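Participant: Okay, here's what each chain looks like letter by letter:
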Amino acid sequence: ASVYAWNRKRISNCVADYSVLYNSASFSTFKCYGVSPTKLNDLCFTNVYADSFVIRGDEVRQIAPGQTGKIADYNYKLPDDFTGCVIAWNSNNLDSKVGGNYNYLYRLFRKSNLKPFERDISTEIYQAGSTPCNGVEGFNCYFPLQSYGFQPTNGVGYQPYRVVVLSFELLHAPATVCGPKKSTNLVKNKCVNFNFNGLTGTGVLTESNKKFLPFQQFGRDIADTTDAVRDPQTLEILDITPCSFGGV
Amino acid sequence: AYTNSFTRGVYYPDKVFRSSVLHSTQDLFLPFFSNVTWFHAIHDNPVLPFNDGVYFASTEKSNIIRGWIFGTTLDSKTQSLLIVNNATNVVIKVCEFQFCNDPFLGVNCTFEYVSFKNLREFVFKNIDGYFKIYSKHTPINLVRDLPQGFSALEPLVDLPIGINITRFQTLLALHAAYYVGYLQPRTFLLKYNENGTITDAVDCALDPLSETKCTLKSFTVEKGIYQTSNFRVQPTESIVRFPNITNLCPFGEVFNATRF
Amino acid sequence: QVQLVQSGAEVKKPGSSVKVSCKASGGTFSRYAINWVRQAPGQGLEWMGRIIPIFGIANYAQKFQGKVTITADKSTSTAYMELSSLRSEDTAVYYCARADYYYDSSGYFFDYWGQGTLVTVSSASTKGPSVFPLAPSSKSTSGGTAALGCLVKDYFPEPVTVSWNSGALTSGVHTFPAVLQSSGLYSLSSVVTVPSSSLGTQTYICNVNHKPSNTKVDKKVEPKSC
Amino acid sequence: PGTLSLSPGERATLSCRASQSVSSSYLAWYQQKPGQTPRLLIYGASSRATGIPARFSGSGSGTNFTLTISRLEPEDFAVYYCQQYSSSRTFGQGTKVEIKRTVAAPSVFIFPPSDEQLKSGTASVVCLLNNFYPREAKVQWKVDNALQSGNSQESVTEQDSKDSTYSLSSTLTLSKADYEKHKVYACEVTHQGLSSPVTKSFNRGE
Numbered sequence: 028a029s030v031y032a033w034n035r036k037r038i039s040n041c042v043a044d045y046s047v048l049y050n051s052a053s054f055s056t057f058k059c060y061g062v063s064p065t066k067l068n069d070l071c072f073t074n075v076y077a078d079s080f081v082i083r084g085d086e087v088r089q090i091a092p093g094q095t096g097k098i099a100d101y102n103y104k105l106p107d108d109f110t111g112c113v114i115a116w117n118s119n120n121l122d123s124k125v126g127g128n129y130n131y132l133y134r135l136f137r138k139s140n141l142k143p144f145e146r147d148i149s150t151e152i153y154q155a156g157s158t159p160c161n162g163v164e165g166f167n168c169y170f171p172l173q174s175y176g177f178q179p180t181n182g183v184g185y186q187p188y189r190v191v192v193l194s195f196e197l198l199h200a201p202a203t204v205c206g207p208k209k210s211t212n213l214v215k216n217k218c219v220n221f222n223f224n225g226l227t228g229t230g231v232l233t234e235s236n237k238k239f240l241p242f243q244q245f246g247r248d249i250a251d252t253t254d255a256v257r258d259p260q261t262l263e264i265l266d267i268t269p270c271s272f273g274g275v
Numbered sequence: 020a021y022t023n024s025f026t027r028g029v030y031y032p033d034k035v036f037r038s039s040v041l042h043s044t045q046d047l048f049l050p051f052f053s054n055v056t057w058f059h060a061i062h063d064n065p066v067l068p069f070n071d072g073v074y075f076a077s078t079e080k081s082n083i084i085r086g087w088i089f090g091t092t093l094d095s096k097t098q099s100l101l102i103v104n105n106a107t108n109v110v111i112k113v114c115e116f117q118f119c120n121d122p123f124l125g126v127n128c129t130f131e132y133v134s135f136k137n138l139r140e141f142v143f144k145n146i147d148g149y150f151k152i153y154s155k156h157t158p159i160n161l162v163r164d165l166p167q168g169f170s171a172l173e174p175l176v177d178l179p180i181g182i183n184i185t186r187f188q189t190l191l192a193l194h195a196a197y198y199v200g201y202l203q204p205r206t207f208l209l210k211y212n213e214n215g216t217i218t219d220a221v222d223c224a225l226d227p228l229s230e231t232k233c234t235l236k237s238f239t240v241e242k243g244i245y246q247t248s249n250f251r252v253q254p255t256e257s258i259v260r261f262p263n264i265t266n267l268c269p270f271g272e273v274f275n276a277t278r279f
Numbered sequence: 049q050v051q052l053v054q055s056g057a058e059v060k061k062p063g064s065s066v067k068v069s070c071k072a073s074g075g076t077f078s079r080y081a082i083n084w085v086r087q088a089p090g091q092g093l094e095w096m097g098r099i100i101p102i103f104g105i106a107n108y109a110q111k112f113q114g115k116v117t118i119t120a121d122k123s124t125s126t127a128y129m130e131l132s133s134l135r136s137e138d139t140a141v142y143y144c145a146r147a148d149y150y151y152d153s154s155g156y157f158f159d160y161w162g163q164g165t166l167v168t169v170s171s172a173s174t175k176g177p178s179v180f181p182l183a184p185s186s187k188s189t190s191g192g193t194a195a196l197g198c199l200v201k202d203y204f205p206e207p208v209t210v211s212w213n214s215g216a217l218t219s220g221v222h223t224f225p226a227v228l229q230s231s232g233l234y235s236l237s238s239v240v241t242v243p244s245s246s247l248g249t250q251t252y253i254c255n256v257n258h259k260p261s262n263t264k265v266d267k268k269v270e271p272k273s274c
Numbered sequence: 371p372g373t374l375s376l377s378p379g380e381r382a383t384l385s386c387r388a389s390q391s392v393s394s395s396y397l398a399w400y401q402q403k404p405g406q407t408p409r410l411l412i413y414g415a416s417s418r419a420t421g422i423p424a425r426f427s428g429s430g431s432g433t434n435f436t437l438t439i440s441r442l443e444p445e446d447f448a449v450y451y452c453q454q455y456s457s458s459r460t461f462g463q464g465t466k467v468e469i470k471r472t473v474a475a476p477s478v479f480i481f482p483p484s485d486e487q488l489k490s491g492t493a494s495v496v497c498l499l500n501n502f503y504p505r506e507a508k509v510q511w512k513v514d515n516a517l518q519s520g521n522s523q524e525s526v527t528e529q530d531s532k533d534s535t536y537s538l539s540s541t542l543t544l545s546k547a548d549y550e551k552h553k554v555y556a557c558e559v560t561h562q563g564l565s566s567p568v569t570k571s572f573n574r575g576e
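Protein chains in written order, with the working numbering: chain D, 28 to 275; chain X, 20 to 279; chain V, 49 to 274; chain C, 371 to 576.
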């Protein structure tokens, strides 16, 4: 997509490696925020959004939590707590066209700047001067979407780059997207290290009498820490009895 | 026409089991003792606003009301949610190719999903961009009004549809009565019993007793005096002052003279 | 390209529409708007409408709202205009041009004009030429020089293409602008000049064709006294 | 349209008729050979990075944004349209530029209507006024010695391609019945090049 009208694939109920991403020399950058790219393989997510678009190489620095500038202002604001990867690759050999690819566009005029993920496809003539817009332009008032017009002869910062932002989400609702990491057997009544669908921890995985309602999935103590879990393969309810410790 | 909502529209805010606990949360809820709008089948399914989202309920064992349509346009002239229910079993579409806009039967569509002394209850919200549904089936004594009593609604689905919702309309078949009320951002204290089940609640905002219950995280409040908030008077106006004349900046010298 | 390939005579009747058509260079849908204008023939020009081929969205001046309907093919830059309230008094010339593209353009002005569309409207039907070779004589004379001509009347649509000895007798030739008569049909005049010593003896022919029916006339002009 | 006459090699200067509002930029001047497809001559205007680089300018007054043809070549003489930008795109009727000449009287000729027309149903008696300058020629018809015009259909040429004058077919168009009620069909021609009225005659039965 043009960056004013960015793509959003939403990812659920599937599994992937992320090294197949971060290993590849194709990626011009692999900027990460709130997560480390190698560590993604240890995790499961409620969902991911592959928010994705083309921008010119100059603009990639704007794609951060806590940043402002033309893309962040008018096209695609990241929240100032965005969690995930911004992956970019030079696409001058893909998106640029001789005579310019004008089918890649960006906004630079609006009544006010974007809020986080505030997608906006509006086309109305913008009031860049004292005159009313009249539904027509010439001067003082103008159409709000600039075009990049990408020519393959562009200088390296003016070249197009394909961007995928992996906007991860972890909610109270349990994970549905998984890393590549292989499962193991269950081990009750022993002190063990564990990863239940992205919940990392350590304790004694006792079985329980707790009546989880059919939608209820984690149980929590007063501390807002996981007291119980329902096993994501066998659906039995386990008390995570604390790890065995005391003073000496 | 109206009736009193009583204690209604409590639903499980999340999939987290908790037990024997008084846990406070801030979310879109039907506020206690608000007026619901009340309906009975004649001509009784106009289009209604959705606002933040809806509590909807009807006094049926009999499924005369069949479901809903939601969106901005509803008529699928943009992507519009359609839902149909076989009493408990649910069928869903999001279409922008043309719906049968007649909201009745006589006795670009990017997603789909499938799975009178009785009260059917629902809550609908669009928060986080996945549309969410919660429900109850329950027997009732009085058919005239929503019950003067406590219950809480489990989820049914949490669907990644991404539709702009501002309005909704219900669907019927004929040769029943129902109610509507609105969610608002509120803070509720919620009581979870030993069976992990929500069994009482308090709206912090309702009255000074309910503010105090939530200040103490407790349904019992003992005799005394309790500080629930600061009190502040808001500014009435924004007042601005400058001298009665304005020079304009010497940029053409102090920022940029005829030589740098 | 430059001259946008506007459709021609679009011969029509009132209470209707016609899909006027035009062509612009292949990629230009992504890089320019198309604008539309009206002109009465030999008279004033005025703006009529616009399309933005990124979305295919169109706009119209208030005089042309409902009377005009513009569309385009984003895959080719082919352009179209249904003249969606057509009348006999709407028998004007119509034009379109490549234009606009905002503060990304050098200055918004139009550049590639179309070749024009005289949408030819009447309440009357198509009719052949009636042709009248106007005599050289002592009256057709001023000293050593004389003139003669032909007049053509009650035909539709224009043209009738009057020419002198099939274009060989060019001496002082003029063919005049046509008049639309109260019948709803066209008429015009054409003239030629000659040495007045030859009023009865030079070869004078009006060669005329109503090309809209291919009806051709090759008539000797009658020489006459007075 | 309104017209100005100038010689080849003169410098033109003509007002935008759309300049009722000033506009924060002018757009362009478009030439036309009458009725046909217009042509961009001044462009990008209120700048001076403007127009076909051989000639022309637009900045000639800060509202009128004049058609400023720097040195008129024989193909510059045409009608012109004027256009401006400030939430705006409208056209004014500019002014025409025509090749200037010495005064030339009309060469006056009458043609009988054709006997073919007098048989079939009409008397379009033609007075050709040929190759006059300026364009302001006058005609009347001595219809039974009363004076008439407009029943004279009066079509006028483009500017002449050999001599830059103009011509008129004044064309007294009676029905065959009216031509049999009336009898006399002489023209009267008056023009700036003539010291007195010029007449040629036609009559029923000549």
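For the record, the hints were derived by calculation from the structure and aren't laboratory data. Be aware that a few hints might be false.
[Said to hold, decoys possible] With a straight-line Cα cutoff of 20 angstroms, these simulated DMTMM-like cross-link-like pairs (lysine to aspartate or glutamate) come out:
id, chain 1, residue 1, chain 2, residue 2
1, V, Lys175, V, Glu137
2, D, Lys238, X, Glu131
3, V, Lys268, C, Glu486
4, D, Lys97, V, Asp159
5, X, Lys34, D, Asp248
6, V, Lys272, C, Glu576
7, X, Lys242, D, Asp258
8, V, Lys264, C, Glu486
9, V, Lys268, C, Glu550
10, X, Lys34, D, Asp251
11, D, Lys237, X, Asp33
12, D, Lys238, X, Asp219
13, C, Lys403, V, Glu137
14, C, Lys489, V, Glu270
15, D, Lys36, X, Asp147
16, D, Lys104, X, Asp147
17, C, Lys489, V, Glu206
18, V, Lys60, V, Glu130
19, C, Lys466, V, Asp152
20, X, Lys236, D, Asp248
21, V, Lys122, D, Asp122
22, X, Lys210, D, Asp122
23, C, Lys403, V, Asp159
24, D, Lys237, X, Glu173
25, V, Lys272, C, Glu468
26, D, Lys36, X, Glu213
27, V, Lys267, C, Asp485
28, X, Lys236, D, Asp258
29, X, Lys34, D, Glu263
30, X, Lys34, D, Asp122
Participant: Now tell me if each hint is right for this structure.
Facilitator: To see whether the hints hold, each was checked on the structure:
1. The suggested pairing of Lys175/V with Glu137/V holds, with an alpha-carbon distance near 19 angstroms, which does not exceed 20 angstroms.
2. Under the criterion of a C-alpha separation no larger than 20 angstroms, the hint pairing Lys238/D with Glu131/X is inconsistent with the structure, at around 32 angstroms.
3. Of the supplied pair hints, the one linking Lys268/V and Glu486/C holds, its CA atoms being roughly 12 angstroms apart against a limit of 20 angstroms.
4. For the suggested pair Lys97/D and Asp159/V, the alpha carbons sit about 31 angstroms apart, so the restraint of at most 20 angstroms is broken.
5. Of the pairs offered as hints, the one joining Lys34/X and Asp248/D holds, with about 14 angstroms between alpha carbons and a cut-off of 20 angstroms not exceeded.
6. At most 20 angstroms may separate the alpha-carbon atoms for a hinted pair to count; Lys272/V and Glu576/C meet this at roughly 9 angstroms.
7. Between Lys242/X and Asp258/D, the direct Cα distance comes to roughly 46 angstroms. Violation of the 20 angstroms bound is thereby established for this hinted pair.
8. For the proposed pair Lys264/V and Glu486/C, the alpha carbon gap of about 17 angstroms is at most 20 angstroms, so the pair holds.
9. Annotation: proposed proximity of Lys268/V to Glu550/C is violated, straight-line Cα distance about 26 angstroms (limit 20 angstroms).
10. Under the criterion of a C-alpha separation no larger than 20 angstroms, the hint pairing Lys34/X with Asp251/D is consistent with the structure, at around 14 angstroms.
11. For the hint pairing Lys237/D with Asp33/X, the CA-to-CA distance comes to about 17 angstroms; that is within 20 angstroms, so the pair holds.
12. The suggested pairing of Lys238/D with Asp219/X holds, with an alpha-carbon distance near 18 angstroms, which does not exceed 20 angstroms.
13. With a CA separation close to 23 angstroms, the supplied pair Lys403/C and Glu137/V exceeds the 20 angstroms bound.
14. For the given pair, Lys489/C sits about 14 angstroms from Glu270/V by alpha-carbon distance, which is consistent with the 20 angstroms threshold.
15. For the proposed pair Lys36/D and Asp147/X, the alpha carbon gap of about 15 angstroms is at most 20 angstroms, so the pair holds.
16. Annotation: proposed proximity of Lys104/D to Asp147/X holds, straight-line Cα distance about 17 angstroms (limit 20 angstroms).
17. A threshold of 20 angstroms between alpha carbons decides the hint, and for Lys489/C with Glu206/V the separation of about 24 angstroms lies outside it, so the pair is violated.
18. Restraint check for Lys60/V and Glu130/V: satisfied, since their Cα atoms lie roughly 13 angstroms apart, inside the 20 angstroms limit.
19. For the hint pairing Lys466/C with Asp152/V, the CA-to-CA distance comes to about 33 angstroms; that exceeds 20 angstroms, so the pair is violated.
20. Between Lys236/X and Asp248/D, the direct Cα distance comes to roughly 16 angstroms. Compliance with the 20 angstroms bound is thereby established for this hinted pair.
21. This hinted pair checks out: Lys122/V and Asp122/D have alpha carbons roughly 18 angstroms apart, not beyond 20 angstroms.
22. For the given pair, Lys210/X sits about 57 angstroms from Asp122/D by alpha-carbon distance, which is inconsistent with the 20 angstroms threshold.
23. Using a Cα cut-off of 20 angstroms, the hinted pair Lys403/C and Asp159/V holds, with the two alpha carbons roughly 16 angstroms apart.
24. Restraint check for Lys237/D and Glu173/X: the C-alpha separation of about 17 angstroms stays at or below 20 angstroms, so the hint holds.
25. Of the supplied pair hints, the one linking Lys272/V and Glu468/C is violated, its CA atoms being roughly 38 angstroms apart against a limit of 20 angstroms.
26. Between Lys36/D and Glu213/X the alpha-carbon distance is near 41 angstroms, which puts this suggested pair outside the 20 angstroms criterion.
27. The suggested pairing of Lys267/V with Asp485/C holds, with an alpha-carbon distance near 13 angstroms, which does not exceed 20 angstroms.
28. A C-alpha spacing of about 32 angstroms is found between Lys236/X and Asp258/D, which places the hinted pair above 20 angstroms, so the restraint is violated.
29. Using a Cα cut-off of 20 angstroms, the hinted pair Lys34/X and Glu263/D holds, with the two alpha carbons roughly 16 angstroms apart.
30. Restraint check for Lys34/X and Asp122/D: not satisfied, since their Cα atoms lie roughly 44 angstroms apart, outside the 20 angstroms limit.
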